[PDB]
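The chain below stands alone and is given as C-alpha coordinates, in the form deposited in one PDB entry.
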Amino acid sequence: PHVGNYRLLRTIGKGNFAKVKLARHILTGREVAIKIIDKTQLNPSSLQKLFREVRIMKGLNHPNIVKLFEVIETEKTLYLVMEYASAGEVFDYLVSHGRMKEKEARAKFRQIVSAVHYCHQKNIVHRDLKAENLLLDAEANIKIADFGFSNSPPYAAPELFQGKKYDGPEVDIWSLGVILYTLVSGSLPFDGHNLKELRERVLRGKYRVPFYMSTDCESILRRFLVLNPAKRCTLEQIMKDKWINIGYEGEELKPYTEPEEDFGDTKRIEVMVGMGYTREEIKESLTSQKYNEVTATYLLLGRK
(Lines of atoms letter the chains of each structure in order from A and count residues from 1; the text may use other names and numbers.)
(Lines give C-alpha, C1' and ligand atoms only; values in the text may rest on other atoms or scores of the structure.)
Protein backbone atom coordinates (compact mmCIF):
# COMPACT_ATOMS: atom_id res chain seq x y z
CA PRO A 1 0.00 0.00 0.00
CA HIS A 2 3.07 2.33 -0.62
CA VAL A 3 5.53 2.99 -3.57
CA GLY A 4 7.89 6.02 -3.46
CA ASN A 5 5.99 9.05 -2.10
CA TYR A 6 2.57 7.40 -2.80
CA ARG A 7 -0.10 5.54 -0.80
CA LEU A 8 -1.83 3.03 -3.13
CA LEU A 9 -5.62 3.29 -2.67
CA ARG A 10 -7.91 1.25 -4.91
CA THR A 11 -7.47 -0.44 -8.30
CA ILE A 12 -9.33 1.75 -10.81
CA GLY A 13 -8.34 -0.29 -13.91
CA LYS A 14 -7.22 -3.70 -15.10
CA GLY A 15 -5.80 -4.62 -18.53
CA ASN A 16 -4.16 -7.83 -19.92
CA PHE A 17 -0.63 -6.72 -18.70
CA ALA A 18 -1.15 -3.53 -16.62
CA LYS A 19 -3.38 -2.28 -13.76
CA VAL A 20 -4.18 1.33 -12.76
CA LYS A 21 -4.55 2.33 -9.11
CA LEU A 22 -5.75 5.55 -7.54
CA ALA A 23 -2.99 6.87 -5.26
CA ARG A 24 -2.39 9.75 -2.82
CA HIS A 25 0.93 11.74 -3.01
CA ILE A 26 1.83 11.61 0.75
CA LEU A 27 3.61 15.04 0.78
CA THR A 28 1.15 17.30 -1.17
CA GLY A 29 -2.02 15.25 -0.40
CA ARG A 30 -2.93 15.28 -4.14
CA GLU A 31 -4.71 12.33 -5.78
CA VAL A 32 -2.95 10.70 -8.76
CA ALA A 33 -3.38 7.55 -10.82
CA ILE A 34 -0.48 5.09 -11.09
CA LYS A 35 -0.26 2.62 -14.04
CA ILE A 36 1.49 -0.43 -12.53
CA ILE A 37 3.29 -2.84 -14.93
CA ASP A 38 4.99 -6.22 -14.19
CA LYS A 39 7.75 -6.32 -16.85
CA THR A 40 8.42 -10.06 -16.22
CA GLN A 41 4.93 -11.05 -17.55
CA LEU A 42 5.51 -9.14 -20.90
CA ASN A 43 6.72 -10.74 -24.19
CA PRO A 44 9.66 -9.03 -26.13
CA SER A 45 7.30 -6.95 -28.36
CA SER A 46 4.92 -5.61 -25.63
CA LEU A 47 8.09 -4.82 -23.58
CA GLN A 48 9.24 -2.80 -26.68
CA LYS A 49 5.71 -1.15 -26.84
CA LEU A 50 5.88 -0.28 -23.06
CA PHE A 51 9.27 1.39 -23.58
CA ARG A 52 7.81 3.29 -26.66
CA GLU A 53 4.77 4.25 -24.43
CA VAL A 54 7.02 5.71 -21.65
CA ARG A 55 9.05 7.71 -24.29
CA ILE A 56 5.84 9.09 -25.98
CA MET A 57 4.41 10.01 -22.53
CA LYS A 58 7.64 11.95 -21.67
CA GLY A 59 7.28 14.10 -24.80
CA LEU A 60 3.64 15.35 -24.32
CA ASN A 61 2.29 18.50 -22.60
CA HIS A 62 -1.45 19.27 -23.36
CA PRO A 63 -4.27 20.14 -20.86
CA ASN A 64 -6.48 17.39 -22.44
CA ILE A 65 -4.00 14.46 -22.33
CA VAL A 66 -3.39 12.56 -19.05
CA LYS A 67 0.08 13.95 -18.04
CA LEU A 68 2.99 11.93 -16.65
CA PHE A 69 4.49 13.16 -13.36
CA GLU A 70 6.95 10.46 -12.18
CA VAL A 71 8.46 7.09 -13.34
CA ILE A 72 9.26 4.73 -10.42
CA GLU A 73 11.60 2.00 -11.69
CA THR A 74 12.29 -1.47 -10.16
CA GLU A 75 13.95 -4.56 -11.63
CA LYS A 76 10.57 -6.33 -12.14
CA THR A 77 7.89 -3.50 -11.93
CA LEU A 78 7.41 -0.14 -13.74
CA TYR A 79 5.29 2.67 -12.05
CA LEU A 80 3.78 5.44 -14.18
CA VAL A 81 2.48 8.28 -11.95
CA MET A 82 0.04 10.40 -13.98
CA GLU A 83 -3.07 12.66 -13.57
CA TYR A 84 -6.23 11.11 -12.15
CA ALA A 85 -9.29 11.83 -14.41
CA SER A 86 -11.76 12.01 -11.50
CA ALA A 87 -15.12 11.78 -13.50
CA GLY A 88 -14.19 8.58 -15.44
CA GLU A 89 -14.92 7.41 -19.03
CA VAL A 90 -16.98 9.38 -21.58
CA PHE A 91 -18.41 5.94 -22.48
CA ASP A 92 -19.98 5.71 -18.92
CA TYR A 93 -21.01 9.38 -18.98
CA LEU A 94 -23.02 8.71 -22.19
CA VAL A 95 -24.78 5.60 -20.75
CA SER A 96 -25.41 7.40 -17.49
CA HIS A 97 -26.56 10.83 -18.87
CA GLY A 98 -27.72 10.02 -22.43
CA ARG A 99 -26.37 11.49 -25.75
CA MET A 100 -24.78 14.94 -25.39
CA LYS A 101 -26.49 18.07 -26.71
CA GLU A 102 -24.33 19.60 -29.54
CA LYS A 103 -23.05 22.49 -27.28
CA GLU A 104 -21.65 19.77 -24.93
CA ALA A 105 -20.34 17.48 -27.72
CA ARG A 106 -18.68 20.63 -29.29
CA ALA A 107 -17.02 21.71 -25.97
CA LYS A 108 -15.59 18.13 -25.50
CA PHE A 109 -14.79 17.53 -29.20
CA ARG A 110 -12.76 20.77 -29.63
CA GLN A 111 -10.45 19.54 -26.85
CA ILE A 112 -10.08 16.06 -28.42
CA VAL A 113 -9.23 17.71 -31.79
CA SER A 114 -6.65 20.04 -30.09
CA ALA A 115 -5.09 17.02 -28.25
CA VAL A 116 -5.13 14.57 -31.24
CA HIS A 117 -3.67 17.25 -33.59
CA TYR A 118 -0.87 18.12 -31.08
CA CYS A 119 0.07 14.40 -31.01
CA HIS A 120 0.20 14.23 -34.86
CA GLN A 121 2.38 17.42 -34.86
CA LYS A 122 4.81 15.88 -32.29
CA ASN A 123 4.82 12.84 -34.71
CA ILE A 124 2.59 10.62 -32.49
CA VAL A 125 -0.39 8.57 -33.65
CA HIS A 126 -2.64 7.34 -30.76
CA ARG A 127 -4.00 4.32 -32.78
CA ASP A 128 -6.56 3.51 -29.95
CA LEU A 129 -9.03 6.39 -29.83
CA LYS A 130 -12.16 4.88 -28.17
CA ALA A 131 -14.71 6.50 -25.74
CA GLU A 132 -12.99 4.23 -23.04
CA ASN A 133 -9.67 6.20 -23.49
CA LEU A 134 -11.55 9.47 -23.20
CA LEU A 135 -12.04 10.74 -19.74
CA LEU A 136 -12.97 13.64 -17.59
CA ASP A 137 -11.69 15.68 -14.64
CA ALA A 138 -14.18 17.14 -11.97
CA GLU A 139 -14.44 20.35 -14.23
CA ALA A 140 -15.63 17.85 -17.06
CA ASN A 141 -12.56 18.35 -19.31
CA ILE A 142 -11.39 15.64 -21.70
CA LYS A 143 -8.10 13.84 -20.77
CA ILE A 144 -6.90 11.34 -23.40
CA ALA A 145 -5.44 8.29 -21.64
CA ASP A 146 -3.39 5.16 -22.53
CA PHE A 147 -0.79 5.57 -25.38
CA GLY A 148 0.09 1.84 -25.00
CA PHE A 149 -0.73 1.04 -28.68
CA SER A 150 0.68 4.39 -30.13
CA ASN A 151 3.74 5.38 -32.34
CA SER A 152 -10.54 -1.37 -31.21
CA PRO A 153 -12.73 -2.44 -34.22
CA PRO A 154 -15.83 -0.06 -34.10
CA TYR A 155 -13.33 2.86 -34.17
CA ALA A 156 -10.87 1.28 -36.64
CA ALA A 157 -10.51 2.83 -40.15
CA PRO A 158 -11.56 0.73 -43.28
CA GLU A 159 -7.87 0.28 -44.43
CA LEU A 160 -6.90 -1.37 -41.06
CA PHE A 161 -9.86 -3.89 -41.36
CA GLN A 162 -8.39 -5.08 -44.70
CA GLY A 163 -4.78 -5.14 -43.42
CA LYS A 164 -3.72 -2.48 -45.95
CA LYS A 165 -1.04 0.34 -45.79
CA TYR A 166 0.20 2.18 -42.67
CA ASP A 167 0.47 6.05 -42.92
CA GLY A 168 -0.96 7.11 -39.51
CA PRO A 169 -2.69 10.44 -38.64
CA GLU A 170 -5.55 9.48 -41.05
CA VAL A 171 -6.50 6.40 -38.95
CA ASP A 172 -6.91 8.60 -35.82
CA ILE A 173 -9.10 11.00 -37.94
CA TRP A 174 -11.57 8.20 -38.91
CA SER A 175 -11.79 7.38 -35.14
CA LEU A 176 -12.65 11.01 -34.28
CA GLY A 177 -15.66 10.71 -36.62
CA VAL A 178 -16.71 7.60 -34.69
CA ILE A 179 -16.21 9.49 -31.37
CA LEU A 180 -18.30 12.55 -32.51
CA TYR A 181 -20.97 10.16 -33.80
CA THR A 182 -21.27 8.55 -30.31
CA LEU A 183 -21.01 11.90 -28.43
CA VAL A 184 -24.15 13.21 -30.19
CA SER A 185 -26.22 9.97 -30.67
CA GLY A 186 -25.10 7.74 -27.77
CA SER A 187 -24.65 4.74 -30.11
CA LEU A 188 -21.80 3.71 -32.51
CA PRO A 189 -22.23 4.47 -36.28
CA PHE A 190 -21.03 0.97 -37.29
CA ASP A 191 -21.86 -2.14 -35.25
CA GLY A 192 -23.12 -5.76 -35.83
CA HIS A 193 -22.95 -8.95 -33.63
CA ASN A 194 -20.00 -11.10 -34.97
CA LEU A 195 -16.79 -9.45 -36.36
CA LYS A 196 -17.84 -10.27 -40.02
CA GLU A 197 -20.90 -7.88 -39.84
CA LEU A 198 -18.91 -4.96 -38.24
CA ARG A 199 -16.14 -5.40 -40.89
CA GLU A 200 -18.77 -5.26 -43.70
CA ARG A 201 -20.49 -2.05 -42.40
CA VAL A 202 -17.15 -0.18 -41.72
CA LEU A 203 -16.00 -1.13 -45.32
CA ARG A 204 -19.36 -0.10 -46.93
CA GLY A 205 -19.06 3.06 -44.71
CA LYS A 206 -22.85 3.46 -44.48
CA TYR A 207 -24.24 5.02 -41.25
CA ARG A 208 -27.79 6.08 -40.25
CA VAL A 209 -28.13 9.68 -38.94
CA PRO A 210 -30.78 10.65 -36.34
CA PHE A 211 -33.59 13.22 -36.94
CA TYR A 212 -32.39 15.41 -34.01
CA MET A 213 -28.92 15.94 -35.60
CA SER A 214 -28.16 19.42 -37.02
CA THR A 215 -27.29 19.68 -40.73
CA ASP A 216 -23.84 21.09 -39.79
CA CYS A 217 -23.19 18.03 -37.62
CA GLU A 218 -24.17 15.52 -40.35
CA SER A 219 -21.83 17.46 -42.74
CA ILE A 220 -18.72 17.63 -40.40
CA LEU A 221 -18.97 13.81 -39.91
CA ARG A 222 -18.80 13.28 -43.71
CA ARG A 223 -15.36 15.07 -43.59
CA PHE A 224 -14.08 12.39 -41.07
CA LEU A 225 -15.93 9.23 -42.16
CA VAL A 226 -14.44 9.43 -45.71
CA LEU A 227 -13.93 5.78 -46.88
CA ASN A 228 -10.70 6.87 -48.70
CA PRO A 229 -7.81 7.91 -46.35
CA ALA A 230 -6.38 10.11 -49.18
CA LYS A 231 -9.70 12.06 -49.59
CA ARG A 232 -10.10 12.20 -45.76
CA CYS A 233 -9.93 15.83 -44.48
CA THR A 234 -7.05 17.01 -42.24
CA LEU A 235 -7.34 18.22 -38.63
CA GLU A 236 -5.88 21.64 -39.57
CA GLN A 237 -8.74 21.91 -42.11
CA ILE A 238 -11.62 20.48 -39.94
CA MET A 239 -10.59 22.90 -37.09
CA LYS A 240 -11.84 25.70 -39.42
CA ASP A 241 -15.35 24.08 -39.91
CA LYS A 242 -18.68 25.85 -39.12
CA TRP A 243 -19.72 23.17 -36.53
CA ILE A 244 -16.44 23.12 -34.50
CA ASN A 245 -16.80 26.87 -33.88
CA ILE A 246 -20.60 27.48 -33.31
CA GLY A 247 -20.78 29.67 -30.16
CA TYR A 248 -16.95 30.37 -30.31
CA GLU A 249 -17.18 33.47 -32.65
CA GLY A 250 -13.98 35.19 -31.45
CA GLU A 251 -11.88 32.08 -30.61
CA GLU A 252 -11.84 29.77 -33.68
CA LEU A 253 -10.12 26.39 -32.83
CA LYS A 254 -6.45 26.89 -33.78
CA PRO A 255 -3.55 24.39 -33.19
CA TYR A 256 -2.29 24.11 -29.59
CA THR A 257 1.17 25.40 -28.69
CA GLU A 258 2.78 24.43 -25.36
CA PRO A 259 3.34 27.65 -23.35
CA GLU A 260 6.47 28.65 -21.39
CA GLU A 261 6.32 26.68 -18.15
CA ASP A 262 7.64 28.51 -15.08
CA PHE A 263 10.13 26.20 -13.28
CA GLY A 264 10.84 29.01 -10.76
CA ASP A 265 7.69 29.59 -8.64
CA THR A 266 9.42 31.10 -5.55
CA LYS A 267 6.32 30.19 -3.40
CA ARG A 268 6.36 26.44 -4.39
CA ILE A 269 10.21 26.35 -4.11
CA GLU A 270 10.34 27.50 -0.45
CA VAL A 271 7.27 25.32 0.55
CA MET A 272 9.30 22.31 -0.75
CA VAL A 273 12.36 23.12 1.50
CA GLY A 274 9.96 22.90 4.49
CA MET A 275 9.41 19.19 3.54
CA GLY A 276 13.07 18.15 3.15
CA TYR A 277 14.02 19.41 -0.33
CA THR A 278 17.31 21.32 -0.82
CA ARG A 279 17.98 24.43 -2.97
CA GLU A 280 20.69 22.60 -5.04
CA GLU A 281 18.51 19.42 -5.49
CA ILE A 282 15.37 21.41 -6.60
CA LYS A 283 17.24 23.75 -9.03
CA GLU A 284 19.25 20.90 -10.69
CA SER A 285 16.27 18.51 -11.16
CA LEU A 286 13.61 21.16 -12.05
CA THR A 287 15.43 22.99 -14.92
CA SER A 288 15.83 19.50 -16.55
CA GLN A 289 12.60 17.52 -17.42
CA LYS A 290 13.74 14.57 -15.22
CA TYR A 291 10.25 13.35 -13.94
CA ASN A 292 11.64 12.46 -10.45
CA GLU A 293 10.36 12.89 -6.83
CA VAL A 294 11.31 16.62 -7.10
CA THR A 295 9.69 17.38 -10.50
CA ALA A 296 6.47 15.55 -9.47
CA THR A 297 6.20 17.46 -6.10
CA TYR A 298 6.63 20.88 -7.82
CA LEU A 299 3.99 20.11 -10.53
CA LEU A 300 1.62 18.76 -7.86
CA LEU A 301 1.93 21.90 -5.65
CA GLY A 302 0.09 23.91 -8.36
CA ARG A 303 -2.78 21.43 -8.97
CA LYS A 304 -4.96 21.15 -5.76
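By rigid core we mean the largest C-alpha set that fits within 1.5 Å across both forms. Numbering follows the first chain given and starts at 1. What changes on going to the form deposited in another entry:
Superposed on the rigid core, the two forms differ between the two forms by 2 Å or more at the C-alpha of one listed residue only; from 47, 271, 253, 60 that residue is 47.
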Given for the second form:
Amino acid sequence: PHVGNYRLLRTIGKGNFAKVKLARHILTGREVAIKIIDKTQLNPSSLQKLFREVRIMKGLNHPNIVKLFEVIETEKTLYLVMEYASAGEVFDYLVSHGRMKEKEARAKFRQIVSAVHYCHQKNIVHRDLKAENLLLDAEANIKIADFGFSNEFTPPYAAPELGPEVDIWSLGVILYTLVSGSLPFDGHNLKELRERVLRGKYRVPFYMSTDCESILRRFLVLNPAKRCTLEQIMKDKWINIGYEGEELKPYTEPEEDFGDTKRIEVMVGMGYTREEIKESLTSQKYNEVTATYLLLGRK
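Same protein, different condition: the form deposited in one PDB entry was shown, now please give the form deposited in another entry.
Partners and other molecules have been left off, which leaves just the chain.
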Protein backbone atom coordinates (compact mmCIF):
# COMPACT_ATOMS: atom_id res chain seq x y z
CA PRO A 1 0.00 0.00 0.00
CA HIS A 2 2.73 2.54 0.89
CA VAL A 3 6.21 3.53 -0.32
CA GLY A 4 7.89 6.83 0.56
CA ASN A 5 5.22 9.54 0.76
CA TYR A 6 3.33 7.65 -1.96
CA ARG A 7 0.16 5.59 -1.66
CA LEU A 8 0.28 2.83 -4.30
CA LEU A 9 -2.77 2.32 -6.52
CA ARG A 10 -2.45 -0.24 -9.31
CA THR A 11 0.29 -1.93 -11.34
CA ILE A 12 0.68 -0.72 -14.92
CA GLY A 13 3.29 -3.04 -16.44
CA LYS A 14 5.86 -5.71 -15.55
CA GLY A 15 9.00 -5.79 -17.70
CA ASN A 16 12.19 -7.74 -17.09
CA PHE A 17 13.62 -6.84 -13.64
CA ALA A 18 11.38 -3.74 -13.51
CA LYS A 19 7.69 -3.12 -12.74
CA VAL A 20 5.83 0.20 -12.83
CA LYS A 21 3.04 1.09 -10.40
CA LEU A 22 0.67 4.06 -10.49
CA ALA A 23 0.67 5.99 -7.22
CA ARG A 24 -0.56 9.10 -5.41
CA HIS A 25 1.76 11.49 -3.53
CA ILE A 26 0.21 11.88 -0.09
CA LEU A 27 1.63 15.32 0.70
CA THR A 28 0.62 17.08 -2.52
CA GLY A 29 -2.07 14.71 -3.81
CA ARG A 30 -0.49 14.62 -7.29
CA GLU A 31 -0.36 11.50 -9.44
CA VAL A 32 2.86 9.70 -10.37
CA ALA A 33 4.27 6.51 -11.84
CA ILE A 34 6.96 4.51 -10.00
CA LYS A 35 9.48 2.20 -11.67
CA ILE A 36 10.46 -0.51 -9.14
CA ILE A 37 13.73 -2.35 -9.84
CA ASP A 38 14.84 -5.26 -7.61
CA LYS A 39 18.56 -4.82 -6.99
CA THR A 40 18.52 -8.38 -5.63
CA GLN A 41 18.51 -9.90 -9.11
CA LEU A 42 21.15 -7.76 -10.83
CA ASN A 43 24.72 -8.11 -12.07
CA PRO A 44 26.72 -5.66 -9.82
CA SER A 45 28.41 -4.40 -13.01
CA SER A 46 24.95 -3.50 -14.38
CA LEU A 47 24.22 -1.26 -11.36
CA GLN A 48 27.25 0.78 -12.48
CA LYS A 49 25.22 1.41 -15.66
CA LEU A 50 21.83 1.62 -13.86
CA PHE A 51 22.92 4.49 -11.63
CA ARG A 52 24.94 6.00 -14.50
CA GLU A 53 21.64 6.17 -16.39
CA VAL A 54 19.83 7.50 -13.31
CA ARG A 55 22.39 10.33 -13.38
CA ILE A 56 21.46 11.22 -16.97
CA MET A 57 17.74 10.93 -16.15
CA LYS A 58 18.07 13.62 -13.45
CA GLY A 59 19.59 15.93 -16.08
CA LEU A 60 16.64 15.49 -18.45
CA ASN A 61 14.44 18.58 -18.07
CA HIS A 62 12.17 18.97 -21.11
CA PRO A 63 8.37 19.42 -21.42
CA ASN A 64 8.06 16.31 -23.59
CA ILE A 65 10.36 13.98 -21.65
CA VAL A 66 9.30 12.04 -18.57
CA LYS A 67 10.74 13.92 -15.58
CA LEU A 68 12.18 12.19 -12.53
CA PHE A 69 10.75 13.41 -9.21
CA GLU A 70 12.02 11.33 -6.27
CA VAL A 71 14.52 8.49 -5.81
CA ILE A 72 13.98 6.01 -2.97
CA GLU A 73 16.69 3.43 -2.39
CA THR A 74 16.75 0.42 -0.10
CA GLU A 75 19.56 -2.17 -0.37
CA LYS A 76 16.91 -4.41 -2.02
CA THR A 77 14.93 -2.09 -4.28
CA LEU A 78 15.27 1.15 -6.24
CA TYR A 79 12.12 3.25 -6.54
CA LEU A 80 12.18 5.80 -9.36
CA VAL A 81 9.24 8.24 -9.17
CA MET A 82 8.28 9.82 -12.51
CA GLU A 83 5.54 11.65 -14.39
CA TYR A 84 2.54 9.56 -15.40
CA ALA A 85 1.48 9.89 -19.05
CA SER A 86 -2.23 9.64 -18.28
CA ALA A 87 -3.47 9.33 -21.89
CA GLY A 88 -1.05 6.48 -22.64
CA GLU A 89 0.73 5.40 -25.83
CA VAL A 90 0.39 7.13 -29.18
CA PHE A 91 -0.29 4.08 -31.39
CA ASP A 92 -3.21 2.96 -29.21
CA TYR A 93 -4.46 6.46 -30.04
CA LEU A 94 -3.81 6.00 -33.78
CA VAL A 95 -5.63 2.64 -33.97
CA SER A 96 -8.52 3.90 -31.82
CA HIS A 97 -8.89 7.49 -33.02
CA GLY A 98 -7.47 6.92 -36.53
CA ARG A 99 -4.75 8.92 -38.32
CA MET A 100 -3.92 12.51 -37.33
CA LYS A 101 -4.37 15.58 -39.54
CA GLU A 102 -1.11 17.19 -40.65
CA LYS A 103 -1.80 20.07 -38.23
CA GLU A 104 -2.03 17.74 -35.21
CA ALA A 105 0.79 15.56 -36.52
CA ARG A 106 2.96 18.65 -36.94
CA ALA A 107 2.24 19.79 -33.37
CA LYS A 108 3.18 16.43 -31.87
CA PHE A 109 6.17 15.88 -34.17
CA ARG A 110 7.65 19.22 -33.13
CA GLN A 111 7.55 18.20 -29.47
CA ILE A 112 9.25 14.92 -30.45
CA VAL A 113 11.97 16.58 -32.52
CA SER A 114 12.59 19.19 -29.81
CA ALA A 115 12.99 16.50 -27.14
CA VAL A 116 15.19 14.16 -29.18
CA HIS A 117 17.46 17.02 -30.28
CA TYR A 118 17.88 18.31 -26.72
CA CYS A 119 18.82 14.78 -25.69
CA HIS A 120 21.21 14.35 -28.63
CA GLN A 121 22.74 17.68 -27.61
CA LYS A 122 23.40 16.03 -24.23
CA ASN A 123 24.86 13.03 -26.12
CA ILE A 124 21.96 10.70 -25.37
CA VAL A 125 20.53 8.31 -27.94
CA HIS A 126 17.37 6.32 -27.19
CA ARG A 127 18.08 3.81 -29.99
CA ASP A 128 14.78 2.13 -29.03
CA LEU A 129 12.23 4.86 -29.90
CA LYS A 130 8.98 2.96 -30.49
CA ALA A 131 5.27 2.66 -29.73
CA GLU A 132 5.71 2.19 -26.00
CA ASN A 133 8.04 5.14 -25.25
CA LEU A 134 5.94 7.73 -27.13
CA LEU A 135 3.22 8.76 -24.67
CA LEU A 136 0.67 11.53 -24.11
CA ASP A 137 -0.19 13.55 -21.02
CA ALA A 138 -3.71 14.66 -20.08
CA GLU A 139 -3.39 17.71 -22.33
CA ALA A 140 -2.46 15.52 -25.32
CA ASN A 141 1.26 16.38 -25.17
CA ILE A 142 4.12 14.09 -26.03
CA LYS A 143 5.96 12.41 -23.20
CA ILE A 144 8.97 10.37 -24.30
CA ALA A 145 9.96 7.73 -21.75
CA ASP A 146 12.92 5.44 -20.99
CA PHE A 147 14.98 7.75 -23.18
CA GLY A 148 18.53 7.08 -21.95
CA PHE A 149 17.86 3.78 -20.17
CA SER A 150 19.24 0.58 -21.74
CA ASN A 151 17.04 -1.53 -19.47
CA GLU A 152 14.63 -4.31 -20.39
CA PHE A 153 12.12 -1.53 -19.58
CA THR A 154 8.49 -2.66 -19.20
CA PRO A 155 11.80 -3.83 -35.11
CA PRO A 156 9.37 -1.71 -37.23
CA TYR A 157 10.56 1.58 -35.70
CA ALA A 158 14.21 0.48 -36.04
CA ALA A 159 16.68 1.01 -38.87
CA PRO A 160 17.84 -1.24 -41.77
CA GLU A 161 21.29 -1.27 -40.13
CA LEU A 162 19.98 -3.15 -37.09
CA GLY A 163 24.52 7.01 -32.89
CA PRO A 164 21.96 9.74 -33.80
CA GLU A 165 21.06 8.18 -37.17
CA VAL A 166 19.41 5.19 -35.42
CA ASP A 167 16.80 7.64 -34.08
CA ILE A 168 16.52 9.74 -37.29
CA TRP A 169 15.16 6.68 -39.07
CA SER A 170 12.93 6.02 -36.06
CA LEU A 171 11.51 9.57 -36.22
CA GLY A 172 10.76 9.07 -39.93
CA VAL A 173 8.72 5.94 -39.19
CA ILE A 174 6.90 7.77 -36.38
CA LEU A 175 6.09 10.71 -38.65
CA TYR A 176 4.62 8.26 -41.17
CA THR A 177 2.51 6.56 -38.51
CA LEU A 178 1.28 9.95 -37.26
CA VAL A 179 0.03 11.21 -40.65
CA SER A 180 -0.93 7.86 -42.20
CA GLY A 181 -2.15 6.17 -39.01
CA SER A 182 -0.52 2.84 -39.93
CA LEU A 183 2.98 1.40 -39.68
CA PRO A 184 5.21 1.79 -42.80
CA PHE A 185 6.90 -1.60 -42.33
CA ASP A 186 4.44 -4.00 -40.65
CA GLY A 187 3.45 -7.63 -41.27
CA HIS A 188 2.98 -11.03 -39.62
CA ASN A 189 6.40 -12.68 -39.14
CA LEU A 190 9.75 -10.95 -38.56
CA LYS A 191 11.37 -12.34 -41.74
CA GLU A 192 8.72 -10.23 -43.49
CA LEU A 193 9.42 -6.98 -41.59
CA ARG A 194 13.05 -7.13 -42.77
CA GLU A 195 12.16 -7.16 -46.48
CA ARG A 196 9.94 -4.07 -46.11
CA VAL A 197 12.18 -2.06 -43.73
CA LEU A 198 15.30 -2.88 -45.78
CA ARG A 199 13.70 -1.65 -49.02
CA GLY A 200 12.33 1.34 -47.10
CA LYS A 201 9.53 1.37 -49.68
CA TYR A 202 6.29 2.62 -48.15
CA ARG A 203 2.93 3.61 -49.63
CA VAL A 204 2.10 7.31 -49.95
CA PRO A 205 -1.66 7.76 -49.21
CA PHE A 206 -3.55 10.31 -51.32
CA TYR A 207 -4.19 12.55 -48.29
CA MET A 208 -0.51 12.95 -47.41
CA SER A 209 0.83 16.32 -48.63
CA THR A 210 3.75 16.74 -51.02
CA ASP A 211 5.57 18.75 -48.32
CA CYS A 212 4.99 15.90 -45.87
CA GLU A 213 6.26 13.31 -48.41
CA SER A 214 9.33 15.52 -48.94
CA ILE A 215 10.27 15.73 -45.27
CA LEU A 216 9.62 11.99 -44.93
CA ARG A 217 12.38 11.40 -47.49
CA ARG A 218 14.87 13.43 -45.42
CA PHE A 219 14.34 11.05 -42.48
CA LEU A 220 14.07 7.67 -44.22
CA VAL A 221 17.29 7.67 -46.25
CA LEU A 222 18.69 4.13 -46.56
CA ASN A 223 22.26 5.41 -46.10
CA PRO A 224 22.56 7.02 -42.61
CA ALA A 225 25.50 8.94 -44.10
CA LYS A 226 23.15 11.11 -46.17
CA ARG A 227 20.31 11.34 -43.61
CA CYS A 228 19.44 14.88 -42.55
CA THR A 229 20.44 16.34 -39.18
CA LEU A 230 17.76 17.36 -36.66
CA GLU A 231 19.47 20.78 -36.62
CA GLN A 232 18.52 21.10 -40.29
CA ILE A 233 15.18 19.27 -40.21
CA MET A 234 13.96 21.85 -37.66
CA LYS A 235 14.04 24.33 -40.57
CA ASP A 236 12.01 22.09 -42.91
CA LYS A 237 9.03 23.88 -44.47
CA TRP A 238 6.54 21.22 -43.42
CA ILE A 239 7.57 21.29 -39.75
CA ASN A 240 6.90 25.05 -39.54
CA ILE A 241 3.55 25.42 -41.32
CA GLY A 242 1.29 27.39 -38.96
CA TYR A 243 4.31 28.42 -36.89
CA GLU A 244 5.45 31.40 -38.97
CA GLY A 245 7.03 33.57 -36.27
CA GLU A 246 7.63 30.44 -34.16
CA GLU A 247 10.17 28.53 -36.27
CA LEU A 248 11.20 25.46 -34.27
CA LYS A 249 14.41 26.04 -32.30
CA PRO A 250 16.57 23.70 -30.13
CA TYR A 251 15.16 23.56 -26.60
CA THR A 252 17.14 25.56 -24.06
CA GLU A 253 16.50 24.84 -20.39
CA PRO A 254 14.85 27.35 -18.00
CA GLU A 255 16.70 29.05 -15.15
CA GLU A 256 16.49 27.44 -11.70
CA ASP A 257 13.41 28.63 -9.77
CA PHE A 258 14.19 27.23 -6.33
CA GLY A 259 12.85 30.28 -4.47
CA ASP A 260 9.06 30.04 -4.86
CA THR A 261 8.04 31.40 -1.47
CA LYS A 262 4.41 30.28 -1.85
CA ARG A 263 5.44 26.65 -2.38
CA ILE A 264 7.98 26.89 0.45
CA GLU A 265 5.31 28.25 2.81
CA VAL A 266 3.20 25.18 2.00
CA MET A 267 6.21 22.88 2.47
CA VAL A 268 6.99 24.62 5.76
CA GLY A 269 3.37 23.92 6.70
CA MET A 270 4.03 20.27 5.75
CA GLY A 271 6.76 20.07 8.41
CA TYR A 272 9.87 20.75 6.31
CA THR A 273 12.29 23.57 7.17
CA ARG A 274 13.73 26.46 5.14
CA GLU A 275 17.22 24.99 5.50
CA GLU A 276 16.10 21.47 4.54
CA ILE A 277 14.41 22.97 1.47
CA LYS A 278 17.36 25.11 0.43
CA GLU A 279 19.95 22.38 1.01
CA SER A 280 17.82 19.83 -0.86
CA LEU A 281 16.98 21.86 -3.98
CA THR A 282 20.54 23.10 -4.48
CA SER A 283 22.28 19.73 -3.95
CA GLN A 284 19.63 18.17 -6.25
CA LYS A 285 19.58 14.90 -4.31
CA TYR A 286 16.03 14.07 -5.50
CA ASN A 287 14.79 13.39 -1.95
CA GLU A 288 11.30 13.71 -0.41
CA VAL A 289 11.82 17.48 -0.27
CA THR A 290 12.87 18.07 -3.90
CA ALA A 291 10.01 15.85 -5.06
CA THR A 292 7.47 17.74 -2.94
CA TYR A 293 8.71 21.03 -4.36
CA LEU A 294 8.35 19.87 -7.98
CA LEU A 295 4.93 18.25 -7.51
CA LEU A 296 3.69 21.42 -5.78
CA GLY A 297 4.30 23.30 -9.04
CA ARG A 298 3.00 20.59 -11.39
CA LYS A 299 -0.76 21.14 -11.55
